[PDB]
Amino acid sequence: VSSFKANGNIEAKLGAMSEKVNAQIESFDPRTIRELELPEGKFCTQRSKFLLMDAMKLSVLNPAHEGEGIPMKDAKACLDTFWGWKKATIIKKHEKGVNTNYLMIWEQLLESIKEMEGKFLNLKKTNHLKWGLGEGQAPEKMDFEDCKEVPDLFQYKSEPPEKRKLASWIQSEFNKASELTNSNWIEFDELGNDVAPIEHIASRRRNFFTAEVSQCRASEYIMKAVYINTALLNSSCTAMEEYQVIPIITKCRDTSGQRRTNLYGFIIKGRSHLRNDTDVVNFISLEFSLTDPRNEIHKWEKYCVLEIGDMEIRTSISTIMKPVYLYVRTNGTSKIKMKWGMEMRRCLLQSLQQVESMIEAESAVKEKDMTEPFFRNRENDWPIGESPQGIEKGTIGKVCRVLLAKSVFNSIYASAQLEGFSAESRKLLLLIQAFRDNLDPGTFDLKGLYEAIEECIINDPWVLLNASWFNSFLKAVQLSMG
Amino acid sequence: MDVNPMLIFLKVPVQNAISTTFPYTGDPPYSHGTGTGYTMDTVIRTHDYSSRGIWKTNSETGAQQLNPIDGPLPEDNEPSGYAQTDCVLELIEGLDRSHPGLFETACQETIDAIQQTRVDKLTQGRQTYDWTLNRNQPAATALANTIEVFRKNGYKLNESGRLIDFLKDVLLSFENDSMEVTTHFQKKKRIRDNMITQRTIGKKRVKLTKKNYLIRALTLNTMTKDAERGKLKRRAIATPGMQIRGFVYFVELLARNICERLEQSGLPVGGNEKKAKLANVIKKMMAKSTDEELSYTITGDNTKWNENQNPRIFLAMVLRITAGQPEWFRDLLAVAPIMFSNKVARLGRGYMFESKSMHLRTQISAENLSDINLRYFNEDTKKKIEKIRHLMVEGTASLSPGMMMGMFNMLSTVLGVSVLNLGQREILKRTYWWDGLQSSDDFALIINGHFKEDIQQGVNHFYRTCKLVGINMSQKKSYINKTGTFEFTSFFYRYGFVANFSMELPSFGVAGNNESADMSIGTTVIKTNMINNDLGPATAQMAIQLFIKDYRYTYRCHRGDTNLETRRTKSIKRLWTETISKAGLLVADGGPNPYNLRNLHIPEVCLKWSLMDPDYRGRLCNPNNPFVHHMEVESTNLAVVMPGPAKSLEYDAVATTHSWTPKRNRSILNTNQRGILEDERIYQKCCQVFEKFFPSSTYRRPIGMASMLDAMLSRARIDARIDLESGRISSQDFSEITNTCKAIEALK
Amino acid sequence: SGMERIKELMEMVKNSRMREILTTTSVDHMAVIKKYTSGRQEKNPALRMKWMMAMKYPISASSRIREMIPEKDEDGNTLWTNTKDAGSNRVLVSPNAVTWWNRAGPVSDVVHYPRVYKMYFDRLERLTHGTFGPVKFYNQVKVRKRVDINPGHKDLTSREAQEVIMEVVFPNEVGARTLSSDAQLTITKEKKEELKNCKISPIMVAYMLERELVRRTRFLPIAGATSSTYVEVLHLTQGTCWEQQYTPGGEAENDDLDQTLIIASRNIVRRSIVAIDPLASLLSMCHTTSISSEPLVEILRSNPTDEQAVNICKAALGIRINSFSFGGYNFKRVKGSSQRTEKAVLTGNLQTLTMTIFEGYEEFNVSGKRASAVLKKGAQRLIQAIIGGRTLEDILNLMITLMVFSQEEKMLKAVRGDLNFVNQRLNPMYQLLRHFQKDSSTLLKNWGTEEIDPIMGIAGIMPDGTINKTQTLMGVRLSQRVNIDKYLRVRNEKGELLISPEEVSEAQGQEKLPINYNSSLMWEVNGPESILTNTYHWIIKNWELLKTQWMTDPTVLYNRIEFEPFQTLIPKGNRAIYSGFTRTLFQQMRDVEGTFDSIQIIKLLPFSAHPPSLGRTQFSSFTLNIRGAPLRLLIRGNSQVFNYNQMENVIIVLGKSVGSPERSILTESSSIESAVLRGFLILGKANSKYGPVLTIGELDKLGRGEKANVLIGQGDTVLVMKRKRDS
RNA sequence: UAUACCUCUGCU
RNA sequence: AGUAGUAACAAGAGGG
Ligand SMILES: C[n+]1cn([C@@H]2O[C@H](COP(=O)(O)OP(=O)(O)OP(=O)(O)O)[C@@H](O)[C@H]2O)c2nc(N)[nH]c(=O)c21
Ligand SMILES: [Zn+2]
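In order, the protein sequences belong to chains A, B and C.
Counting from 233, one number per residue, gives the positions in the first sequence under the deposited numbering.
Read left to right, the second sequence gives residues 1 to 194, 199 to 647, 650 to 754 (the deposited numbering).
Read left to right, the third sequence gives residues -1 to 320, 322 to 421, 425 to 482, 495 to 741 (the deposited numbering).
Since the hints were derived computationally from the structure, they do not count as laboratory data.
Just so you know, not all the hints are guaranteed correct.
Using 30 angstroms as the maximum straight-line C-alpha spacing, the simulated DSS-like pairs for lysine-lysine come out as follows [what the hints assert, rightly or not]:
id: 1; chain 1: B; residue 1: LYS237; chain 2: A; residue 2: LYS659
id: 2; chain 1: B; residue 1: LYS669; chain 2: C; residue 2: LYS33
id: 3; chain 1: B; residue 1: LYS11; chain 2: A; residue 2: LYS395
id: 4; chain 1: B; residue 1: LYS486; chain 2: A; residue 2: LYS659
id: 5; chain 1: B; residue 1: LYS486; chain 2: A; residue 2: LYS534
id: 6; chain 1: B; residue 1: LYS480; chain 2: A; residue 2: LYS397
id: 7; chain 1: C; residue 1: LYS561; chain 2: A; residue 2: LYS373
id: 8; chain 1: B; residue 1: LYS698; chain 2: A; residue 2: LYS389
id: 9; chain 1: B; residue 1: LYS669; chain 2: C; residue 2: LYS561
id: 10; chain 1: A; residue 1: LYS281; chain 2: C; residue 2: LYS70
id: 11; chain 1: B; residue 1: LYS698; chain 2: C; residue 2: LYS197
id: 12; chain 1: C; residue 1: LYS82; chain 2: B; residue 2: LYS208
id: 13; chain 1: A; residue 1: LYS659; chain 2: B; residue 2: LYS360
id: 14; chain 1: B; residue 1: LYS386; chain 2: A; residue 2: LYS534
id: 15; chain 1: A; residue 1: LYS380; chain 2: B; residue 2: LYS360
id: 16; chain 1: C; residue 1: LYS41; chain 2: A; residue 2: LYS600
id: 17; chain 1: B; residue 1: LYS386; chain 2: A; residue 2: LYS245
id: 18; chain 1: A; residue 1: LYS395; chain 2: A; residue 2: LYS289
Calculated from the model, a selection of chain B residues having no Cβ within reach of chain A, i.e. all distances over 12 angstroms [what the hints assert, rightly or not]:
id: 19; residue: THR20
id: 20; residue: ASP230
id: 21; residue: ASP305
id: 22; residue: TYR483
Where chain B lies over chain C, by a calculated footprint (3+ residues, C-beta under 8 angstroms) [as the list claims (entries may be wrong)]:
id: 23; stretch: 79 to 92
id: 24; stretch: 632 to 644
All C-beta atoms in this analysis are idealised placements derived from N, C-alpha and C, irrespective of residue type, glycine included.
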């Protein structure tokens, strides 16, 4: 080393080295490239911790703050707003389940609510409940010596996930998530008074954002997520050995500003000796709905759906009575999962950042605060949909709700699949963008990238939907270009 | 209509709406159970890439060591580890040529460093593998244990108090064949009750073999990396031992001083500076070119960066960089590459088995992977066992070729940088030429020339020139286009660097240090993002708004005029009604939020100072309060954050009764390490009292080789004297204090 | 007393458990054992805190809390427990303890705490006394630059601070070093005076001082003011598309003021030079411009800076440029100028003095006590000194004074021994004087001698003090109203040129304090990126107006005063040939019908605003001097400067969108491209049938009508034909 | 063997 | 059952 000097080694070694070692640029063309390969199998099921578009509220008028009062009392109060109950009957079965146990659980819970006083409600450990909350289902731990010579002792199943196919419903769910409602869902804490002009401007712009966002259905999911996950974390930490009842509550204000408490259903928490951040709490979700599962039965694999009552509704011209279903299910969560569910409000930031940047981007070039134009001077000009007519341009207020819904769904259906997919497809998008900027994009091993992407599309409705969206986008780009 | 957020990309350029592709508002992926499979996958793949190299048994260890360096050149694109020492040395020389007197000053600094370095500078930093306990431990302990064991055996140069005198001992400790360690174990006595069994811990001396100690001192620990974004499958990270740390520190300290004076080195500088270097290189690469030349940027990732970075190459590098300097210094730094080239890797927790019929589960030590029937396992696993067994030594697995994430840094970049620094017109003298920026596996390379084929030539040339030093460009993930747009470590340049706010979203929330700190952090997160990542006014306002909501809920410190019902709300109500000037109360005491865009840089206490009730502030800032525990200046107002591996975060706050620490983990109480708590409890009470005799000790570390008591006494005299002589004390009290000072000194 | 500590120490040393440790582990080791803990750094503190805050007793506090506060509060909440914190003699406690303390614990005197926490309270102080102006909306180009973070940094190095801290907080336990300067001593005594008897943990004072004294820098993206006080509020000051004009409380800094004034004056001059009646164009800008919300006029009136542009402005505004005094004598500069470079240099005894050395040819009338002289000075050079006086002594004194003032190597090389002249220690310039006055014995031995031509009246002086007709000391010879014109040339009363706008340099760095021009001649935003973006914006905003003006009456268009700021970016000599080249390229587009490239017109148009020259030189690009480095806008195709993006339908200048052109322009093309080469039409891709390919320098040996292949730019071979007519 | 309890632990 | 996803959780350890 000390007495080394470079004569001309690298060039000699390059001379010696084989010509199969090459970085051959294949020039890239979006018109040439094919659609991403979606997986096939059984259709993908709903895997949320609470019902989305198919949720149903029993609501009551209530002037309380947006986290005040005794939640069981608020629940009881909501229960009374529904008149026409029934005897419970199973209408859509949980194929792998003891479907009696759900029907007994509902009644046990529904009676336990009627027979309680105070704040805390713990159910009694009945076998049918124990089964649904997975009591004892951990195998008993032993030293290896003492179980060396058992025949069927294997290592735990460690295969990849079973592939699944893109059902429609997720796009529907997103389409609803992307819509306005007739209720204010988000209630922001106070700020320091404005002094700087830019603060006034900021607040002016923030009012619009709050307007477009607080009514958006995504925001209703955010609040449910936050309440459920806070409640569940807290109860998990405080009552490790009890089966605590947590009523699924949100508080809102009508378009009148009249304050309202909603009850979506009940959650029965299992035992929660949560040590590692991945350790699981089993729980039972019991949620009201008007939706008939049987018209989209693939969507509800994990659920046992009971019929629990009836009520009247008016359409445009006609008016008719419908039955009310209770979607019952066993589900699970983890300290890390619910910690992140508590923080879902950050979606608002993800959404609003992108919009504010788009407003500012124009405001710069127009040399003027372009907010009130963008929101008030209503012009449909950002492509945000695809109909049988074709590509559908929307408004900034829509873009807010779309991006918010995206960010929310990214939170609700978080998954290594999405994690990879999102990371890799970005490169393909950038390769498209480079072509569409006429920068002569080149790739070395494209099908490697296609396989790296396609590797991450296994069984997640959200990731499937995104894969699909990418294809629709690719085609949409190909058409306009070719 | 069906909504497709990606359709935005029709109108808006990807880089301008890149946020929508970053799903960072949901829980990231986390490994459950063990990462023995991943460690074995890494160890396997690592040899699998170097398979053509030469196998040899180590005499001192007996490990199957594969050597690929200077081996047969690869004849396909696949990930190869066949680096060429001459081809390295050429580049490392070309670097010296290109930077006149770099290595001189670089070394000259490291010399004075090595001379001036205390042992204390090793108690700082990350967790290390503690060969004493066969587990990971905090640096301060993991060191203290090795020093105590070194002291119990015949090794006490470090008693000097200088890092090289410890660093010496480590090489001598390889000689002692019978190394004495004290192991702890649980026993069970029988106690009466005015009769029940009683657990209690006892100690047991064990002596380890040359074979063992040498393995243990060349052992690196493995884990699964959790919370890793962007990736479908989990990866195996590693942790270094207590021996190699001291050398790694100096090698990295040299490689740092090397990097700090290189335009193509991404490390150790922050994103703003990285972007400035990436500007500089483009500005220069344009300003040097001619109007009839092309410019192509490669968005570049290097596949299997660690797996194919060899320690012998690092030996070559570290030697060649030191060439000309004192041979003790040339040797000292060469230790780490060697010790790495003889590295063995622990295989983690092992495996867990389940019986469906019996409904029982059991755990298995990785150490048991030698003597174990393969009927339990599946194909992929049992085959990984089959492959690992041939490399397996005393519980661990030999790992001569390559490297593993988390053990070594920076120098690996210098190898990349040198391949960039090769591409000057003045060196290459071809029709083409190049420049760029690199950090670890991530690189941006601008290639200039006269024609597309002329660029292609430079691409191939670069790509092979890397292969020759064991660097493998990812043909899958890397790509190329005309200079104008590129990606680099999640920075996006589109005729200028755009914003990527989504990256930072996880930072927005209650950090969970404490009421004081969190309030300072949360605001600064909003503040720095407005500056650095285009977080606009209206959204920033809303981030304040949500932060406040999260902070209040998390700490149960809602505003004193709310009707919410928690464990605090009453005692906060009392304070609320009691208080005259409400606006002065902190948020943590149910006061109002003062923050808006202009206030974000002003600490809450400082901001609300004038508006406080002078009683309330006098209670709040009462330096006699028991909730705070007195820090040291180096660790006052500091937190920990992860962007990179793991970094400290300074924050601005006034020490209030809200500057507390939360309760410690207690799971150790059940373990055999139960004594460490008592050790700590005692150890602290010595320093606590010592600080009364040397208040200066908490600001600067007292350098001194003398018995901790003797120092206390020697002072305890003169303080007690000078308090009288030229002061205000009685000579009965002086005589009493000196009588005490003698009276204790009598006791051994 | 120091009593209970030795009681405690005895009570500890009794216990062998710890008397072991105290004896065995040394002072070096005590730092190793202090950090010894079972506890790890928490990986997920955000989660862990949300987990722990739901528990009853999550906070750990000193056991004394049990003495200090009750066990149950008024409402029946339990405040502390007897359960001890793993690895400590510390107790588990409810949040209610913290509240109970804050509402009904012991009170303390903290009224001096702002003196400890100054660094923080100065932030508030600056904000409370800040003033906001209006918000402006525009493309805000930001330079990523290293800048200061610690306003009120009394600048001294880490250990230098450490000494000062140790002095203040740890006076008896101080180490062993000298207090280097009044810099340290004054801070020490003042901060000791300020922090007198303040009831607080010394550690906090040490911390706050450590943070307060040493400089801290960061790499930040900044548009506008780069002073620390402006860096403090970037988040409030600048956005992507907006500037919130703001002046922070308290007074600006002379260095920053003097630094920024130069950059202002330079830009004023460099603008004015382009405009008709440059004096008048300047004067208005000088009247209207304001730095950091203060009038440039009232700065210039009472600011002493010597720079060529600043002097042009002072001459224009009618205020005395700058005379001065030194060593007893009065110096008045008649001709020339000098740039100031601060340096460290060695005396003949190898002592390092820190000079502010002057480089440049200068001429002085020097006078005073019994002796006058004329001096001709170069950069560390006495070119010539003609000295007269009423006594040889008085001459010689002035000779030594000037020979010093030269700053020659000779005279520094000449200094034997150390210079410790004083209790105010005089600056090196004086040190050297008061040295050499006391002993010029060596100085003259080393200064050296010329032979010279004998002249009636003039005489030479020898190193021994003799007068000699034909020999003399190197450069020494013994012998007994300003105006400014239309074009900013500074003349003396004799009519000789002192200062010329040709000699004025470019604006170097980036402004420290903010510059506010209220002048229609200048754009609303500062710097060159501004100029490019606005100049290309105005064009796009008023395109349809100017497109007809291009067709009908161009010669009016080219004289549009909106194009003037763009010209400052072009180098002096290029403007004419660039504008001629451009104008010819446009004319070609008119003379050859069919071809019409609106984007090419938009791109090059701003170069057209100057009286053109008749040269026939080719140009592949035009250079532009922006922030120092020259940027080359390519004539053919996109560039780093001008980039027309069709996907967006946007012109992008230096990374920022300048606007969308008419959608008409997307669907607009023709095989023939005019307005690229002079007398040459482009006819699509290069055909090899017209031979081996040529370059741009080799296009003056082609027939009128002859087709030929040309390497035109960005690695493109193109078919080019020489046209018949001459535009 | 089974059922009841009781203790410690929730990142170690 | 359910969570989950390349391996775990579905309490662990002790009074044996
Ligand atoms: C060596 N030299 C000194 N001066 C001036 O002589 C005077 C006395 O010189 P000085 O060194 O005492 O000045 P001061 O202590 O203000 O520090 P400085 O301004 O950084 O030098 C000052 O007004 C200097 O500007 C000079 N002025 C000009 N024009 N040219 C020179 O070479 C020169
Ligand atoms: Zn609140």
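**Request:** Kindly indicate which numbered hints from before are broken by the structure, ordering the numbers from low to high.
**Result:** Hints 3, 5, 7, 8, 9, 10, 13, 14, 16, 17, 18, 19, 20, 21 and 22 not satisfied by this model.
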